[PDB]
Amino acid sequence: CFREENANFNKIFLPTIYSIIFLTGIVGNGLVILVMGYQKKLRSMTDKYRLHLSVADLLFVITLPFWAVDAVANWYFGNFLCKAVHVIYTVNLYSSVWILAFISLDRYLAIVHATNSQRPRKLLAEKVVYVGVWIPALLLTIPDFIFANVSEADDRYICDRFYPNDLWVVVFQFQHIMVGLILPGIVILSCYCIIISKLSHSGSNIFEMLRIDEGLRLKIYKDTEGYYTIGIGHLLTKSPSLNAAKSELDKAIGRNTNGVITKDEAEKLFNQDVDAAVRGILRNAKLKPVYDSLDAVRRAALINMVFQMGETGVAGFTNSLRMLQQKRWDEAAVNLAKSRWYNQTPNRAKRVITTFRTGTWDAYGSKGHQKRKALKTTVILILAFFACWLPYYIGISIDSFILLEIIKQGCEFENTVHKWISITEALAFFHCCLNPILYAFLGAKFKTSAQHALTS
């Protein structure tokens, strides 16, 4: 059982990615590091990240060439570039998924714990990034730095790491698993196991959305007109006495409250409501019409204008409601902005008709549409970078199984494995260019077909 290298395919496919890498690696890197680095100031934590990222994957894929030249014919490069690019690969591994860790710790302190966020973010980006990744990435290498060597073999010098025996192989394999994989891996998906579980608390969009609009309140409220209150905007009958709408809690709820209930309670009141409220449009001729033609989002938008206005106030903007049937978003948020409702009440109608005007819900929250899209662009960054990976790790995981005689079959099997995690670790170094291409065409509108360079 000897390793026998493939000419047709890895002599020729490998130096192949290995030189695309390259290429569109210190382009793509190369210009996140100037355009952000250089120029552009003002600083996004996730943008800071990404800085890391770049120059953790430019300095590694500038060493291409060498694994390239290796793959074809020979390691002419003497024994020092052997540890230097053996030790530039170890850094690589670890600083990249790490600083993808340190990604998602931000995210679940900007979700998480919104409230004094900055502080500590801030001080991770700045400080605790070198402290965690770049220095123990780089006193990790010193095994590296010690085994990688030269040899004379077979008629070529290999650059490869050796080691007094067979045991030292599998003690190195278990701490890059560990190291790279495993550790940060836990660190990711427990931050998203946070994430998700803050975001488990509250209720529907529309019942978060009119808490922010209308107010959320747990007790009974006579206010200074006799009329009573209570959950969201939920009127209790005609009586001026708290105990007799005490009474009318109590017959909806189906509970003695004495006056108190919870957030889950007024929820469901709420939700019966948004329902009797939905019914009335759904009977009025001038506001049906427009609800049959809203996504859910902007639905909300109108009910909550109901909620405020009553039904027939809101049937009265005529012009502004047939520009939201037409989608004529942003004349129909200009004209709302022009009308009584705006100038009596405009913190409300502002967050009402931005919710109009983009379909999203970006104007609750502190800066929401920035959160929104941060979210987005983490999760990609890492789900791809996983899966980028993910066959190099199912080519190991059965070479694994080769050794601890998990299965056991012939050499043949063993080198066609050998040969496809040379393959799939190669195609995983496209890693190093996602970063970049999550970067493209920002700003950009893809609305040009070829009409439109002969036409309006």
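Here the rigid core means the biggest group of C-alpha atoms that line up within 1.5 Å when the two forms are laid on top of each other. Positions refer to the first chain, counted from 1. What changes on going to the form deposited in another entry:
- For the listed set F147, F386, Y157, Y291, the sole C-alpha moving 2 Å or more between these two forms on a rigid core superposition is that of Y291.
- Relative to the superposed core, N304 undergoes a C-alpha shift of no less than 2 Å between these two forms.
- With the core held fixed, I186 shows a CA shift below 2 Å between these two forms.
- Taking the rigid core as fixed, one finds a CA shift for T345 of 2 Å or more between these two forms.
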The other form holds:
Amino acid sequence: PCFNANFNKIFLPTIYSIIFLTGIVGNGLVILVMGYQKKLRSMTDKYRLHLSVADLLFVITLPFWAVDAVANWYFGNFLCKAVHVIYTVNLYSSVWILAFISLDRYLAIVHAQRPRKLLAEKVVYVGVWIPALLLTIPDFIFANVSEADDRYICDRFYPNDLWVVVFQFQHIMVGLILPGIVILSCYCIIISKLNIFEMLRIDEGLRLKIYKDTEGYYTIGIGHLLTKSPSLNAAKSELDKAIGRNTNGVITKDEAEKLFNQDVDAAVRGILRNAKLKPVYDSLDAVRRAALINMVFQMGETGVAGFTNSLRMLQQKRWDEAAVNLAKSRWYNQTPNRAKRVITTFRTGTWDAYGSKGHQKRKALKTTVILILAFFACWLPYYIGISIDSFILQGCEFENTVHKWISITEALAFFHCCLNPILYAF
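Give me the form deposited in another entry now, not the form deposited in one PDB entry.
Partners and other molecules omitted; one chain follows.
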């Protein structure tokens, strides 16, 4: 004995039908709106449509799940294998696409050359789509239609419990453990690496030890002067006066930033006194004010004041027009690498020319974190359900409620298909 659920034959078909409509409309929109019209697309937005294709592929099989619940399984043997294969493919792909999104996001922040084009355009197939299909061979073989309880039951029939043990471990590892670690690794490094200081760290360079400037003068950090003396020990004492701790050579990056802020305060005060630069600076925004400071740090205030027409256009909010003027200048002729990045900051009013953290880029990353967590949040209650009864085998009274919740939680977990389209909305 202990080899009947009234409520689950009204809950499950409603939940499947709901996810089916929301999935087919939601995702199908993603597929049509990006798939075709969209021309400026992100690396995340490329994986999000790859993910949308995967979630659409599964939602299409949902009508079969609803019929199999309320009534018999009429669809035959091939469709039993096909419905099992699509679910397998979806399970593996959806999570490992999220692994590629978190992996790409790592290379976007921590490594701002570009081996990301390889990932999104050619690795994604070899690494995600082909293995997901190869992982469907035991679902092609074992899934069959059988007569049980004056009905046709469609599931995977294994010859032994050792096979059940083989495939359950392969699913826990490949489906959840293996990408979960990859996903955690990327975000652990991202949050470890995580504005104006960073800009001048790239442009003027950072040195955490006393060096000889190009005109014979002792400096430390981003060209911060200590004293006016050709000796070595006289400048070493001047550091402790500002820093407040004994160093004897080596200084940290955060003590340096302290000296850098003292020089930015100085650059601002000087700009505010210079009659030509003062009105334009006040009209500019924090991002663009930081670009003007980059120039002032370079050739001085008199040099930046020399760009007459460029200044008025910046106040007149003409970024596109003031851009070509600085390319003809002596500043572009000398150092063209630094010059172009400063003009791009004036052009866009963003930290994009400097790459990684910035404003729009943080929001773009927050979007990626929400999606990944919400995906795990869907599957989480069901995992405890595998886990509780996954080890079982107290009594039949409690075992009836366990297997009941595993049906509900898997059905509610399918909301992960509706996550990506809902996230794009508003």
